[PDB]
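> Chain by chain, the residues:
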Amino acid sequence: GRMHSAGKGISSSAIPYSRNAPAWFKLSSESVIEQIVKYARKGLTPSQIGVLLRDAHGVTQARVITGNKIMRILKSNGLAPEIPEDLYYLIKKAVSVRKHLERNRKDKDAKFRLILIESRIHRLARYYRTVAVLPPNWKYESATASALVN
Amino acid sequence: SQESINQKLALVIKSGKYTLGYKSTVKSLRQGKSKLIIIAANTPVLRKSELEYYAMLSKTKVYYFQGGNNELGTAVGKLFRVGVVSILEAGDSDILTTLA
Amino acid sequence: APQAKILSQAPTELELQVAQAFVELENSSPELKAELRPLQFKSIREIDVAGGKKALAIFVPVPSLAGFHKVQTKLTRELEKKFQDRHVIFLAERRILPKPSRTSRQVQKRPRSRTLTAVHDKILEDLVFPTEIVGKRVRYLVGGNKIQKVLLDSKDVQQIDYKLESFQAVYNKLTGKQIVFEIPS
Amino acid sequence: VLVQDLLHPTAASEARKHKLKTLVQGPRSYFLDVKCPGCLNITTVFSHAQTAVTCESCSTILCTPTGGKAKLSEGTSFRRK
Amino acid sequence: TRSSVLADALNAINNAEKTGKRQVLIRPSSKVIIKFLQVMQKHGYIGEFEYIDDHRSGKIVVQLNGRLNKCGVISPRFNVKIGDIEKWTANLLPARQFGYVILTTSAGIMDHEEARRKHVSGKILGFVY
Ligand SMILES: [Zn+2]
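Chains as they are written, first to last, in PDB author numbering: chain Y, 2 to 151; chain AY, 6 to 105; chain U, 3 to 187; chain f, 2 to 82; chain b, 2 to 130.
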């Protein structure tokens, strides 16, 4: 089920039983990768990048055709962010809610959802600090958190 | 709908060339190197007017940040407040051609 | 001498006949030689088919599999034509490393490309080479036996509809496990 | 029921089932080959699009996003491949 | 959250067996499940079974014949000395003369009779009858 709610929704991507394909694609992993790096230089995330290449560039997913994942490619080319998008967007969310709270002390629901968010952040941070992709402490502090994500 | 100016600037700050503060803006603007200047909302009106006059002389673009110098510092990723920014090379960004 | 040159090892009469076939194809020349000069094989294994024919297994290093894979159609068509009474197929010499035991031990751990199941699955995928597999099933029969059904796509199955039993025997001879193919309708 | 082939179900029952709850899950989506009336360039287009995809030139509109299936623009040539 | 895929499988099987169904669909699959079914198959409690290879983990379709009373699961997988299988069998089997406890050893997964013959022990998984 859902982490911080009773939700039981299951909308997601159903990958096909295939590790190649399309036959109809016929361009190159390399030219695709050139496109990848270009849109990375534009400063997008793997998520919207793959969305773009789905909607426009005939791409199923680079997992198939390149033999690598997006974040791996960006790492190889030196385009990796300092942090992952997960924390990035979560922190944006927390900060926005915090700014809302600053001018609405009485909104209780925002307060509630904030600690939900921060607990997500802390657990996920334990994960990433376990895998050592971060410095071992890093301790998201919501006060300074603004200029981190920004 | 709205692609945020903040997200644009973060690309310029990692890809492009900027300077911060009135003195360095004015220096680059005397040099004609500046393309755009961003001005905080809480900046004094005399300073704002002075910059506008230098900009209309240099034929340079002016953006008025809907935000003060503290938020503008955070937007460009800084732990201090900044009242004026000068863009001298946009990198992979689009801010020159954007709706700005 | 592009004959014993083009394998890259001395033996034997079969591979030499094959190399001279390569040479006659290279002498075509233009659109053939251009992509056939880099493509060398390693070994050959001729084995029986349940009918009358035999079956050729052409082993490869696998940095060359790409160009081999670019063609497959024509090299197989001409070799089936010339070396008749046979079913030709290409294969990749993939090294299988054993899963380490507590006694047995090795650094440079053990990637999953080199594991046994993956090597066997890919060998099968190259045996079929066209017709991307679209289904695997494994019946476990009450006599303690196992058999694998492999469900193929209907596209370009015309090229290999007459090689299925030979492929079965090949997989059995190399791997030791049974096999069956299927076309959905 | 009490006896049936779960390995060889009917295509009708499998096409009406949810994509994940089939015997083997897989996408119900697809790609389109598209040319607008104006230009003659080809665009590879996903059926359920999240962006307002443009063709290579003329910068206009091919398909506009929705919640599910993409809404193709005014009458254009579109295949399914 | 799932905790024991085997437990889920065998509850499903037991429920279908109660209902009189002759086939079951089980998700996800695993080597241990395969070994369990091979044991039951050899001792005649089930028919053939078919492993579908999705690229995720697998499904299994079992063809059943009846004759099964209960398949069950022991969670936790207790630690078993060779002296205690008798006590277990008395506790969770209907009779001495039929029903089989299966256990996992370094020598492999097998029934408690086979473990007796090989003079080995290990960890307990479940029971079948
Ligand atoms: Zn267009």
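A hint or two may mislead.
Stated by the list, open to error - Selected chain Y positions facing chain U (in silico; Cβ < 10 Å):
#, residue
1, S14
2, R20
3, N21
4, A22
5, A24
6, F26
What the hints assert, rightly or not - Listed below are the simulated SDA-like cross-link pairs for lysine to any residue, each with C-alpha atoms no more than 25 Å apart in a straight line:
#, chain 1, residue 1, chain 2, residue 2
7, Y, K43, AY, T48
8, Y, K70, U, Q11
9, Y, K94, Y, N78
10, AY, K83, AY, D99
11, Y, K9, f, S58
12, U, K151, f, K20
13, U, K179, U, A120
14, U, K151, f, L21
15, U, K124, Y, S19
16, Y, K76, AY, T102
17, Y, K43, AY, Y58
18, U, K179, b, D85
19, U, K148, U, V130
20, Y, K39, AY, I10
21, U, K124, Y, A57
22, f, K70, Y, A22
23, f, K22, Y, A22
24, f, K36, Y, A57
25, U, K72, U, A52
26, U, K148, f, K20
27, AY, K19, Y, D110
Just so you know, these hints were derived from the structure itself, not from any lab.
Ideal Cβ positions, reconstructed from N, Cα and C, are used throughout, including at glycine.
> All the hints need checking, so say for each whether the structure fits it.
Status of the hints after comparison with the structure:
1. Using the Cβ-Cβ criterion of 10 Å, the hint placing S14(Y) at the interface with chain U is not satisfied: the shortest such distance is roughly 19 Å.
2. Checking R20(Y) against chain U: minimum C-beta separation of about 9 Å stays under 10 Å; hint holds.
3. A cut of 10 Å between beta carbons decides the hint on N21(Y): the least distance to chain U is about 7 Å, and the hint holds.
4. For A22(Y), the interface hint holds, the least distance from its beta-carbon to any beta-carbon of chain U being 6 Å, beneath 10 Å.
5. Against a cut-off of 10 Å between C-beta atoms, the interface hint on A24(Y) holds, since the closest Cβ of chain U lies about 8 Å away.
6. A hinted interface residue such as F26(Y) counts as satisfied when its beta carbon comes closer than 10 Å to some beta carbon of chain U; here the least separation is about 14 Å, so the hint is violated.
7. Our distance criterion of 25 Å between C-alpha atoms is broken by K43(Y) and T48(AY), whose separation comes to about 31 Å.
8. Taking the CA atoms of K70(Y) and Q11(U), the gap is near 38 Å; set against the 25 Å cutoff, the hint is violated.
9. A distance of roughly 29 Å separates the Cα atoms of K94(Y) and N78(Y); the hinted pair therefore is violated under the 25 Å criterion.
10. Using a Cα cut-off of 25 Å, the hinted pair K83(AY) and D99(AY) holds, with the two alpha carbons roughly 22 Å apart.
11. Taken as a hint, the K9(Y) and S58(f) pair is broken in the structure, with Cα atoms around 44 Å apart against an allowance of 25 Å.
12. Restraint check: the Cα-Cα separation between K151(U) and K20(f) comes to about 23 Å, which is no more than 25 Å; the hinted pair holds.
13. Our distance criterion of 25 Å between C-alpha atoms is met by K179(U) and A120(U), whose separation comes to about 14 Å.
14. Simply put, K151(U) and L21(f) have alpha-carbon atoms about 23 Å apart, close enough for the 25 Å limit, and the pair holds.
15. The straight-line distance between the Cα atoms of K124(U) and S19(Y) is roughly 13 Å, inside the 25 Å bound, and the hint therefore holds.
16. In summary, the hint linking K76(Y) to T102(AY) is not supported, as the alpha carbons are separated by about 30 Å, beyond the 25 Å threshold.
17. Simply put, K43(Y) and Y58(AY) have alpha-carbon atoms about 33 Å apart, too far for the 25 Å limit, and the pair is violated.
18. Between the alpha carbons of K179(U) and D85(b) the distance comes to roughly 39 Å, so the proposed pair goes past 25 Å and is violated.
19. Taking the CA atoms of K148(U) and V130(U), the gap is near 21 Å; set against the 25 Å cutoff, the hint holds.
20. At roughly 20 Å between alpha-carbon atoms, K39(Y) and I10(AY) fall within 25 Å of each other, so this suggested pair holds.
21. Taken as a hint, the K124(U) and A57(Y) pair is broken in the structure, with Cα atoms around 32 Å apart against an allowance of 25 Å.
22. Distance check on the hinted pair: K70(f) and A22(Y) sit about 22 Å apart at the alpha-carbon level, within 25 Å; holds.
23. Proposed proximity of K22(f) and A22(Y) is supported: the alpha carbons are some 23 Å apart, at most 25 Å.
24. Our distance criterion of 25 Å between C-alpha atoms is met by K36(f) and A57(Y), whose separation comes to about 13 Å.
25. In summary, the hint linking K72(U) to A52(U) is not supported, as the alpha carbons are separated by about 30 Å, beyond the 25 Å threshold.
26. The straight-line distance between the Cα atoms of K148(U) and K20(f) is roughly 30 Å, outside the 25 Å bound, and the hint therefore fails.
27. The suggested pairing of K19(AY) with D110(Y) is violated, with an alpha-carbon distance near 36 Å, which exceeds 25 Å.
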